[PDB]
Amino acid sequence: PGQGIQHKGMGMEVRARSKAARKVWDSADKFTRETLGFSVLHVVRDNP
Amino acid sequence: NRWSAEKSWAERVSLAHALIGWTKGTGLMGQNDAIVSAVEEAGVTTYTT
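Quick note, the sequences are listed as chains F and C, same order. So that you can map any letter, position 40 of the first sequence is 1392 in the deposited numbering, and since no number is skipped, the others follow by simple counting. So that you can map any letter, position 17 of the second sequence is 2334 in the deposited numbering, and since no number is skipped, the others follow by simple counting.
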């Protein structure tokens, strides 16, 4: 699907359970934190 | 700092900080009223309500 249906804390339940989900998120969240200085996890978890 | 810490407070509440200077009321400051002119001699401003 495309953009616009996105919700706060989307797929965050899966991250807490699945190991494959964590590796996808954390590898992604680490890169964004180092290069661009921000975390996608925080943005998704609580909407600023 | 609490607002700058707590994340979800931003949308609900914005903090506007105002430092209220010397401001002359009659009841509490009825003693302070006479020297309002004296303090104002230092090149400083006292304010009406």
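Calculated directly from the structure, the hints in this document are not laboratory data. Worth double-checking, as some hints may not be accurate.
Cut-off 25 angstroms, straight-line C-alpha distance, at most; resulting in silico cross-link-like pairs (SDA-like, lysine to any residue) [to be verified]:
#1 C:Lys2324 x F:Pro1353
#2 F:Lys1382 x C:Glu2358
#3 C:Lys2324 x F:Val1396
#4 C:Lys2324 x F:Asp1398
#5 C:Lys2324 x F:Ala1372
#6 F:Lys1360 x C:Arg2319
Take a look, some chain C residues computed to stay more than 10 angstroms from chain F by CB distance [what the hints assert, rightly or not]:
#7 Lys2324
#8 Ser2325
#9 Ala2327
#10 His2334
#11 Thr2343
#12 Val2353
#13 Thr2365
C-beta atoms are modelled at their ideal positions from N, C-alpha and C, and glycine is treated no differently.
Going through the hints against the structure:
A hinted pair counts as satisfied when its Cα atoms are at most 25 angstroms apart, and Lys2324 (chain C) with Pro1353 (chain F) does not qualify at roughly 29 angstroms. Our distance criterion of 25 angstroms between C-alpha atoms is broken by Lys1382 (chain F) and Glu2358 (chain C), whose separation comes to about 60 angstroms. A hinted pair counts as satisfied when its Cα atoms are at most 25 angstroms apart, and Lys2324 (chain C) with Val1396 (chain F) qualifies at roughly 13 angstroms. Proximity of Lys2324 (chain C) to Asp1398 (chain F) is assessed by CA-CA distance (about 8 angstroms); at most 25 angstroms being required, the pair is judged to hold.
Taking the CA atoms of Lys2324 (chain C) and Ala1372 (chain F), the gap is about 29 angstroms. The hint is violated against a cut of 25 angstroms. Taking the CA atoms of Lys1360 (chain F) and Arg2319 (chain C), the gap is near 23 angstroms; set against the 25 angstroms cutoff, the hint holds. The Cβ of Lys2324 (chain C) sits about 6 angstroms from the closest Cβ of chain F, inside the 10 angstroms cut-off, so the non-interface label is violated. Remark: the non-interface label on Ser2325 (chain C) conflicts with the geometry, its nearest Cβ contact in chain F lying 6 angstroms away (cut-off 10 angstroms).
Consistency note on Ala2327 (chain C): stated as away from chain F, yet its beta-carbon is not over 10 angstroms from all of that chain's, at 7 angstroms minimum. Every beta carbon of chain F lies more than 10 angstroms from that of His2334 (chain C), the smallest distance being close to 22 angstroms; the non-interface claim holds. A cut-off of 10 angstroms between C-beta atoms confirms that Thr2343 (chain C) is not in contact with chain F; the least separation is 47 angstroms. Listed as outside the interface, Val2353 (chain C) is consistent with that label: its C-beta sits roughly 47 angstroms from the nearest C-beta of chain F, beyond the 10 angstroms cut-off.
Even its closest Cβ contact with chain F, about 42 angstroms, leaves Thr2365 (chain C) beyond 10 angstroms, as expected for a residue assigned away from the interface.
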